[PDB]
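Chemist: Below, each chain spelled out in residue letters.
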Amino acid sequence: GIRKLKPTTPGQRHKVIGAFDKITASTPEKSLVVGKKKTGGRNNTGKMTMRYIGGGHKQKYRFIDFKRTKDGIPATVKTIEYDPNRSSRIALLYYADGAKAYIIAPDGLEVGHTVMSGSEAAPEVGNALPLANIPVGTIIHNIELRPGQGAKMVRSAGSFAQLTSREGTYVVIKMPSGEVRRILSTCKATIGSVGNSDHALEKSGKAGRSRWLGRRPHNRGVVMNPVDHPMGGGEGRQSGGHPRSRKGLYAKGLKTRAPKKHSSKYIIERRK
Amino acid sequence: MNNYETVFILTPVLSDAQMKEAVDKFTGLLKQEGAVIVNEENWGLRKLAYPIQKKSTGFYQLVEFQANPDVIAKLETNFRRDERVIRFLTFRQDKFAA
Amino acid sequence: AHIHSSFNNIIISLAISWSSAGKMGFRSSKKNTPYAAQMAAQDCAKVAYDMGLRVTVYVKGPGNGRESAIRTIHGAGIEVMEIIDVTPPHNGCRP
Amino acid sequence: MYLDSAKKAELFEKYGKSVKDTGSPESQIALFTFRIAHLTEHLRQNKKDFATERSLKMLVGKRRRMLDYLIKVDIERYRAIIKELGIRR
Amino acid sequence: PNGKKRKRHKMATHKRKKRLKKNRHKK
Amino acid sequence: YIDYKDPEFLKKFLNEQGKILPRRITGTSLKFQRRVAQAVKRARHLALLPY
RNA sequence: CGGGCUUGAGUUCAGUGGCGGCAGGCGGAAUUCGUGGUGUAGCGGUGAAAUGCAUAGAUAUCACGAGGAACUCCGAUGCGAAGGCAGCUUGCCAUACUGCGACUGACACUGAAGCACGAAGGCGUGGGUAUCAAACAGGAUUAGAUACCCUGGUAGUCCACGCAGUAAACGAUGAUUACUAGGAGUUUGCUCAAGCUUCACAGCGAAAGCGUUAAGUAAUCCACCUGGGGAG
RNA sequence: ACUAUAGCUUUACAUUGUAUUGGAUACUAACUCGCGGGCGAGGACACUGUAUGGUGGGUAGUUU
RNA sequence: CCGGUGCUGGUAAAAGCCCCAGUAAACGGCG
RNA sequence: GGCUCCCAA
Ligand SMILES: [K+]
Ligand SMILES: [K+]
Ligand SMILES: [K+]
Ligand SMILES: [Mg+2]
Ligand SMILES: [Mg+2]
Ligand SMILES: [Mg+2]
Ligand SMILES: [Mg+2]
Ligand code: NA
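Residue numbers (the deposited numbering), protein chains in the order written: chain D, 2 to 273; chain b, 1 to 98; chain L, 20 to 34, 41 to 79, 81 to 114, 116 to 122; chain f, 1 to 89; chain 10, 2 to 28; chain I, 34 to 84.
Among the hints, erroneous ones may be present.
Said to hold, decoys possible - Computed footprint of chain I on chain b; a stretch qualifies when at least three of its residues, placed anywhere within it, have a C-beta under 8 Å from a C-beta of chain I: (1) 46-57; (2) 89-97.
Stated by the list, open to error - Below, in silico cross-link-like pairs of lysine-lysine (DSS-like), each with a Cα-Cα straight-line distance of 30 Å or less: (3) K44 (chain I) x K86 (chain L); (4) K38 (chain I) x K20 (chain b); (5) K5 (chain D) x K153 (chain D); (6) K25 (chain b) x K71 (chain D); (7) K95 (chain b) x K44 (chain I); (8) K79 (chain D) x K61 (chain D); (9) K47 (chain b) x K44 (chain I); (10) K153 (chain D) x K101 (chain D); (11) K175 (chain D) x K38 (chain D); (12) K204 (chain D) x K38 (chain D); (13) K7 (chain D) x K71 (chain D); (14) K25 (chain b) x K38 (chain I); (15) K7 (chain f) x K74 (chain b); (16) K6 (chain 10) x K23 (chain 10); (17) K20 (chain b) x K74 (chain I); (18) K54 (chain b) x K52 (chain I); (19) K175 (chain D) x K74 (chain b); (20) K74 (chain I) x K47 (chain b); (21) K44 (chain I) x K55 (chain b).
What the hints assert, rightly or not - Away from chain b, derived, C-beta distances all over 12 Å, residues of chain I: (22) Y37; (23) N48; (24) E49; (25) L54; (26) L63; (27) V69.
Treat the hints as calculated values from the structure; they're not laboratory data.
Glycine included, each C-beta is placed from N, C-alpha and C at the ideal position.
Make a model of the complete structure from these sequences and hints.
Modeler: Written out as C-alpha cells, the structure reads:
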C-alpha cells in the first residue's frame, strides 16, 4: 500500500510514500542491532572510488539470518519490522530454545505463524528447504548458490523466482531478471515471494529525500570541460558524441561479462 | 454434508507398497479434516488412452465418501504438494447418482 | 514416409531422401496436380529402393496428389505397409 | 446465506405467532433483514457479483414495501420492529 | 429501406468526424 | 445417470475416430444426449478416451 | 374513516432445473521461440508474379527446454433485466417453473427526477506478450492505386484495478392485466400445463403483412412525433 | 597527424596428469572456490609467466 | 531513415579482416 | 520529562 500527499507544497505535489501497514513494532530488537559507520564512497586509502554517496540519516545494522541453520527447531513470528538497510521488511523470530533471529519477511506472513527449516519442513510460506524437496512450480526467494554459504539470489522487495524443472543433481530456476539457470539440489531456498511489492510505486517528490537516503547529486558529462570528461567541451550545447564513461567505456551496447567464466555452463537462457 | 467421489491416478514408477502408503496418506488426510468413507476401490494398474507425463500407464484408484464442503481445497493442496499423482478429479453426487 | 501437402505444393520425405514438385519442375498451377506428385514420388523412390530399407505413410496436409504419390511409392521398390493419416486444431489460433 | 430450515424456523418462532407464521409482516421483515446482512457480507468479498447486488437491491425494496404496509396499518408495530431489528440509517 | 436515406446521415457524420480531427492535437 | 466408468458402453455413442455422435444420428433425447456428452468429457479428462 | 374475504400479491415447504453470476484448481489438440539428431535445392505466395526465408546451412523431419492464447465433436437447445453466457471440476451466491389444503390479508401496477448495470473500440497505472492485426514498410495490378491481392509489422487483441457510457444496444414493436379460431413441429414438467418458431379465422393495416409470443378487443401509467435541409 | 604505450583480447609453450573408442568423451591427483574446525562443487580448463597477432587520444613524447 | 560512423552477432611456434544481419530516447541525416 | 504523532528509523 502507498499514500499520496496532497499538493500543499511544490515539493509535496508528486510525493508518494508507503503506508507502513504491515509493520507491527516501532523499535528494533536490541541484541540484534549495532551502530553503522558510513563510507562516503571512500576505500581504505581514503580516496573516493564510488561517487554520489554521502550524508543521509544515521542508521543501525540489523543482523539478518541468511543461512537458516537451526533445522527442525520451529520458530514463531513475533513482529514485522522496518529495516533501513534494505527495501523489504524483516520479521523477528523467537525459537523454542530462546534464540532470536531476523529474516526477510515474505508476502503473506503474519504475526503468530510458525516457520521451520530443513528437509522435514513443509513447503509453506516462510519455511526454508533444500531445493531437492521443493515441489516443482512453486514460488521461492532467498536462494543459495553454494550449500551453506547463505542466501544470495532473490532478496529485494517483491522479487521472486520459480523452480520449473529438476534435472538430476540440479534444478532449473527462472530468475527475476528472466535468466534461466541451474542450481544445485543441495542449496536452500525459502518458499514465497518477498513482501512489500509496492516499493517500486514510491516517488520521492523532492531532492531532499534523496539527500536523506544518502545520495549526492550527479553531474552529466556534457556540461564538463574536456579535461574532466571525454564527452565534455564545446561552446553552447553539444551532444558529446558516442556516450561513454570517464575512462572511455562505451555505454550503449558493449557487453562486460567475462567471456570465459565457468558459470556459463550452468546458464540455459540469458536475459540481462 | 455432501457425497463426493475422488478418482486419481498413481505413477507406475512407484512400487506397490509406495502406492498403498500414498493412498493411506490421502485417506488419513481426508479423515483428519473430518469425514466418513463410503467405499474405496482400486481399478488397478492399467494403460491410458494418451501418454501422461511420458508414461502411458498408471494405477487407477477411487474413493467415494461423505464430507463437509470445505475439505476439497485441502485435498487439492495435498494433491499438488504430492508429486507422485499424475491425474485427479473430484465429483459431487446428487440423490439420484448416490 | 511423410507426405506434407497443401493447397500450393506437395513434398515427400523418407527416412534419407526427399522430393518436391518444385524440385521436379512444376512451378504454378501444376504442383497440386496428380502428375507432379507421382513424379516427385518416383524421384524419391529411385533412391528409396536403392537404399536397403523396405513403409508407413504419414500424410499430413490436404492436397491433390497424395494418392498418386502413395501409389508410385508402393509401385517402385517397397510397398506402402500402412497409410496412417496424421492430418492435424481444437479452436486454436485465429487465422 | 446459510438460509437453513432451522434458521428460518427459529426466525419465524422469534418473530410472529408460533412457528407456522411464515408469511406475515414483522417476520418477512426479519427474514429480509437477515438475507440483506448476509448478502452485504458476501458482496464485501465478491465486488463483481452484480447479480447478487441487484438481488440485494430488490430485497431492500421488498422490505421497504412491507414497512410501508405497516405504516398504512398502524405505527406501534412499525416502531417496535424498527427498534428491535435496527433499520433507520 | 430506400437506402438513400442513410447516405445523407453517413455523409454528414464524415464531415463532423473529420472536422474535429483537424484541431485535435492542434493546441 | 451414466457413470464415466466402463467406457466400453460410452463407446457405443462414439464414431470411429472417437468423436461424439450427433443426436439425429442415434435418436435419444436432449437430456440423454447432454448426459452422454458430459460423461464422455469426464472420461477424456481421466484418460479413458482419446481426444 | 372503521372492520371483513381470498381469487391478486407475497412468505414457507416439496419436486424439477439451467452455455445465470463470482472465485479457486485441472486439462489435450494446434501453434511460437531456444537448444540439439537426419538431410539438402528449394520454400512461401499468386489469376500470373515479385517483395521475403535459405549452402557462414532452409522447407521438411525426430527429440528436449521455456512460454501465451483459444476451447473441435456434442451443437440446435437453454439461461439472463438488458448488454450477454459454451473445455472439465469444486466452492459460494442468485434465480426460475410446477404444485401444498401451510401462512398474511389488497400489502397491487406504472413511474418524471435519481441510482445501478451496460458489446466492440478507446484512456490511465502495473503485469504479460503466442496468433491475428489499424498506423507504418516493401512487392504486384492499373492512366493513376493514398485500396482490393502478397510479404513484414507497432499499438491493440490477454490479466488486475480504475475511467468512459456509445451501437442496425433491433423483434427497427415499452411495462402490466383480462379475453378471442384452427393446422405443422420442438423442450421440460405429466392425455394436461408451461415455454420455444412458421402457415394461418375473425379482426386490424396504405400495403408488405400481424394474427393467443397480435400489429385483434379493452383498461392504467411512462417515453416520444408534428414537412425536408440548416442540424444533433 | 607521427611514433610509442598501460589496459583488454587471440594462440603456442610452462604450470600439466591418466584412460577409452585421432579430437571428443570420461577420470582425479596438479590448480581454483565454498562449508566446518575432513566434506562439498569444479578441474587439466580457469589463473599466472614468456612469446606472438589484433585493439588501444585511456596515457605520453613530438611534428604540423 | 541502419545508406555513413560506432556497437551487438554469425603471427608466434587462431583473433582479426571480409561478407551478411540487427540497432537511431546510439552519434548522425531528413536535397 | 513521561506522552502523542511521523518517517528519513
Ligand atoms: K544531472
Ligand atoms: K580526452
Ligand atoms: K402470414
Ligand atoms: Mg562550462
Ligand atoms: Mg550552438
Ligand atoms: Mg597528445
Ligand atoms: Mg624534449
Ligand atoms: Na552537426
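Chemist: All the hints need checking, so say for each whether the structure fits it.
Modeler: These are the hints, each one checked on the structure:
1. Against chain I, the stretch 46-57 of chain b contributes 4 residues with a C-beta closer than 8 Å to a partner C-beta. That satisfies the three-residue criterion, and the hint holds.
2. Given as covered by chain I, the stretch 89-97 of chain b passes the check, having 4 residues with a CB less than 8 Å from a CB of that chain where 3 are the minimum.
3. For the hint pairing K44 (chain I) with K86 (chain L), the CA-to-CA distance comes to about 27 Å; that is within 30 Å, so the pair holds.
4. Of the supplied pair hints, the one linking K38 (chain I) and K20 (chain b) holds, its CA atoms being roughly 22 Å apart against a limit of 30 Å.
5. Pair hint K5 (chain D) plus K153 (chain D) does not hold up; C-alpha atoms about 33 Å apart against a cutoff of 30 Å.
6. A distance of roughly 28 Å separates the Cα atoms of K25 (chain b) and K71 (chain D); the hinted pair therefore holds under the 30 Å criterion.
7. The hinted pair formed by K95 (chain b) and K44 (chain I) meets the criterion: a straight-line CA distance of about 26 Å does not exceed 30 Å.
8. As the CA atoms of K79 (chain D) and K61 (chain D) are separated by approximately 20 Å, the hinted pair is consistent with the 30 Å bound.
9. Under the criterion of a C-alpha separation no larger than 30 Å, the hint pairing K47 (chain b) with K44 (chain I) is consistent with the structure, at around 17 Å.
10. Simply put, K153 (chain D) and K101 (chain D) have alpha-carbon atoms about 22 Å apart, close enough for the 30 Å limit, and the pair holds.
11. Restraint check for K175 (chain D) and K38 (chain D): not satisfied, since their Cα atoms lie roughly 36 Å apart, outside the 30 Å limit.
12. With a C-alpha separation of about 27 Å, the suggested pair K204 (chain D) and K38 (chain D) falls inside the 30 Å cut-off, and the hint holds.
13. Of the pairs offered as hints, the one joining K7 (chain D) and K71 (chain D) is violated, with about 48 Å between alpha carbons and a cut-off of 30 Å exceeded.
14. This hinted pair checks out: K25 (chain b) and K38 (chain I) have alpha carbons roughly 25 Å apart, not beyond 30 Å.
15. This hinted pair checks out: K7 (chain f) and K74 (chain b) have alpha carbons roughly 28 Å apart, not beyond 30 Å.
16. Using a Cα cut-off of 30 Å, the hinted pair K6 (chain 10) and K23 (chain 10) holds, with the two alpha carbons roughly 28 Å apart.
17. Proposed proximity of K20 (chain b) and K74 (chain I) is supported: the alpha carbons are some 29 Å apart, at most 30 Å.
18. Straight-line distance between C-alpha atoms of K54 (chain b) and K52 (chain I) comes to about 24 Å, which keeps the hinted pair within the 30 Å bound.
19. A threshold of 30 Å between alpha carbons decides the hint, and for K175 (chain D) with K74 (chain b) the separation of about 28 Å falls inside it, so the pair holds.
20. With a C-alpha separation of about 18 Å, the suggested pair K74 (chain I) and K47 (chain b) falls inside the 30 Å cut-off, and the hint holds.
21. Taking the CA atoms of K44 (chain I) and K55 (chain b), the gap is near 24 Å; set against the 30 Å cutoff, the hint holds.
22. With a least CB separation of 8 Å from chain b, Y37 (chain I) falls inside the 12 Å interface cut-off, contrary to its annotation.
23. With a closest Cβ-Cβ approach of about 15 Å to chain b, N48 (chain I) is found to remain outside the 12 Å limit, as its non-interface label requires.
24. Every CB of chain b is more than 12 Å from the CB of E49 (chain I) (nearest about 15 Å), matching its label as outside the interface.
25. Interface exclusion of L54 (chain I) from chain b stands, the closest Cβ pair being 18 Å apart, more than 12 Å.
26. With 12 Å as the threshold on Cβ separation, the claim that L63 (chain I) sits away from chain b holds: the shortest Cβ distance comes to roughly 17 Å.
27. For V69 (chain I), the requirement that its beta carbon stay farther than 12 Å from each beta carbon of chain b is met, with the minimum near 15 Å.
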